[PDB]
Amino acid sequence: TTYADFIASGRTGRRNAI
Amino acid sequence: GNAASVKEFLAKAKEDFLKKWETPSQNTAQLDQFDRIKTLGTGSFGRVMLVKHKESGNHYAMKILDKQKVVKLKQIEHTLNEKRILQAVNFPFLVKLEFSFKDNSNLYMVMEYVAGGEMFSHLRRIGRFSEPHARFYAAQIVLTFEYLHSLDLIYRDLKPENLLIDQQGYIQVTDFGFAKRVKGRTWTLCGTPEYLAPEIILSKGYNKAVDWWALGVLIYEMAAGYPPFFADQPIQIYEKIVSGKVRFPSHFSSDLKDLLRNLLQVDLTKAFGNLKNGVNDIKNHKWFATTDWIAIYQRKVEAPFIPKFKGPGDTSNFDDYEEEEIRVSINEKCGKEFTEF
Ligand SMILES: Nc1ncnc2c1ncn2[C@@H]1O[C@H](COP(=O)(O)OP(=O)(O)OP(=O)(O)O)[C@@H](O)[C@H]1O
Ligand SMILES: [Mg+2]
Ligand SMILES: [Mg+2]
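Just so you know, the protein sequences line up as chains I and E, in that order.
Residue numbers for the first sequence follow the deposited numbering, beginning at 5 and rising by one.
Just so we're aligned: the second sequence equals residues 1 to 4, 14 to 350 in the deposited numbering.
A couple of the hints might just be wrong.
[Claimed, not checked] Here are the computed distance ranges between Cβ atoms for each label pair:
{"hint": "1", "chain 1": "E", "residue 1": "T195", "chain 2": "I", "residue 2": "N20", "range": "19 to 29 Å"}
{"hint": "2", "chain 1": "E", "residue 1": "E333", "chain 2": "I", "residue 2": "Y7", "range": "27 to 37 Å"}
{"hint": "3", "chain 1": "E", "residue 1": "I85", "chain 2": "I", "residue 2": "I11", "range": "37 to 47 Å"}
{"hint": "4", "chain 1": "E", "residue 1": "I315", "chain 2": "I", "residue 2": "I11", "range": "20 to 30 Å"}
{"hint": "5", "chain 1": "I", "residue 1": "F10", "chain 2": "E", "residue 2": "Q177", "range": "29 to 39 Å"}
{"hint": "6", "chain 1": "E", "residue 1": "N216", "chain 2": "I", "residue 2": "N20", "range": "46 to 56 Å"}
{"hint": "7", "chain 1": "E", "residue 1": "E24", "chain 2": "I", "residue 2": "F10", "range": "26 to 36 Å"}
{"hint": "8", "chain 1": "I", "residue 1": "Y7", "chain 2": "E", "residue 2": "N36", "range": "17 to 27 Å"}
{"hint": "9", "chain 1": "E", "residue 1": "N67", "chain 2": "I", "residue 2": "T5", "range": "25 to 35 Å"}
[To be verified] Incomplete in silico selection of chain I near chain E, CB under 7 Å:
{"hint": "10", "residue": "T5"}
{"hint": "11", "residue": "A8"}
{"hint": "12", "residue": "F10"}
{"hint": "13", "residue": "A12"}
{"hint": "14", "residue": "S13"}
{"hint": "15", "residue": "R18"}
{"hint": "16", "residue": "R19"}
To be clear, the hints were calculated from the coordinates, so they are not data collected in a lab.
Using N, Cα and C, we set each Cβ at its ideal position, and we do this for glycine too.
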């Protein structure tokens, strides 16, 4: 599922600015 | 921000803003007037700490920026923009800047402490927000952009991490780090990966339209629980954003999908918020049919949830961060660069 792919990704934590 | 025709209202708001924009407040406090308690959050540029004002006993959120780091990351003009704009604005959903000052090593922006925590933390914990819940927050952002854009201001960093929930369950926008007053197009590559509009990624001149694009990404993330474009690395995210293809969760209402198709549209000639009717195209969209805009502005609508608060200095709604000593050199750093701060 898309959710499973997201949760397993490396960007589920706080995202800082570029 | 302070609690509460449209054209008349906006005209007065612009008058108030311009007076402060033309003659900015400066040096309204000093470091030793506060006791630093704990770090509430950090970003690519600053550290925000919960502090207690000694003479009043009031708690505040102090954003600390290391001047040398600001220079290193080429944020000199951006930081000056941030402070000049924040001290001049006034809207119910914008965090208030209470004091600002600087010393030999750092720049300080003391804001009202919004104790409910980042929308980000609540969103990730619960998974996703119901559409009425997501719509409640979205409505506040729509009104805030209407206000900001009327002052020729572009925000450029909309994301759950920069949105705070106050004691009444309403939104407070923070982090004006990329905010800028511009009448024409601009070109700076700034923002956060998942929320960057195609034009920014393609290094093209862009305008306020990027804020409306970001709103589309925010609504999608709030309702889905994940961004419309995600991957392990920014470059992969950018490729997805430029493709423009978006897929929606099975539970998204037809109204929500229609709205998002119009906000995350590649055709600027059809992108909501930048059309002839402007923001009205968004306010009048079917997904917002149950939204009482004036009631939202007046904060008369019942909030989806009220954050749990134990005391004035309770930080239970925020994650814990490693603390670092705030040192101040005996030698002034970057004095001329930040003279107007
Ligand atoms: N007024 C406030 N009250 C409470 N917490 C706040 C307040 N302002 C900021 N914060 C917290 O501090 C964090 C960092 O502040 P801020 O976003 O302004 O840093 P930044 O360096 O500009 O981050 P970014 O990488 O997004 O540019 C926020 O994500 C939020 O958790
Ligand atoms: Mg931020
Ligand atoms: Mg920032």
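Hint check results:
Here the CB-CB span from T195 (chain E) to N20 (chain I) is close to 21 Å, well matched to the stated 19 to 29 Å. With their beta carbons about 36 Å apart, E333 (chain E) and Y7 (chain I) fall inside the hinted range of 27 to 37 Å. At about 38 Å, the CB distance of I85 (chain E) to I11 (chain I) agrees with the hint of 37 to 47 Å. Separation of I315 (chain E) from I11 (chain I) is about 28 Å and conforms to the stated range, judged on CB atoms against 20 to 30 Å.
Restraint check, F10 (chain I) to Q177 (chain E): a C-beta distance of roughly 31 Å satisfies the suggested window 29 to 39 Å. One distance hint, 46 to 56 Å for the beta-carbon pair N216 (chain E) and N20 (chain I), is violated here, with the actual separation near 25 Å. Separated by about 46 Å at the C-beta atoms, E24 (chain E) and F10 (chain I) break the suggested range of 26 to 36 Å. The given range of 17 to 27 Å is broken by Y7 (chain I) and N36 (chain E), whose C-beta atoms sit roughly 49 Å from each other.
The beta-carbon spacing between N67 (chain E) and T5 (chain I), approximately 47 Å, falls outside the hinted interval of 25 to 35 Å. The interface hint given for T5 (chain I) is broken, as the beta carbon of that residue sits about 10 Å from the closest beta carbon of chain E, more than 7 Å. This hint is violated: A8 (chain I) has a C-beta 10 Å from the nearest C-beta of chain E, more than the 7 Å allowed. A cut of 7 Å between beta carbons decides the hint on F10 (chain I): the least distance to chain E is about 4 Å, and the hint holds.
Violation of the interface hint for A12 (chain I) is found here, the shortest Cβ-Cβ separation to chain E being roughly 10 Å, above the 7 Å cut-off. The closest approach between the C-beta of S13 (chain I) and any C-beta of chain E is roughly 6 Å, which is under the 7 Å cut-off, so the hint is satisfied. Interface hint status for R18 (chain I): upheld, as the beta-carbon distance to the closest one in chain E is roughly 5 Å, under 7 Å. Annotation: interface hint on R19 (chain I) holds; nearest CB of chain E at approximately 5 Å, less than 7 Å.
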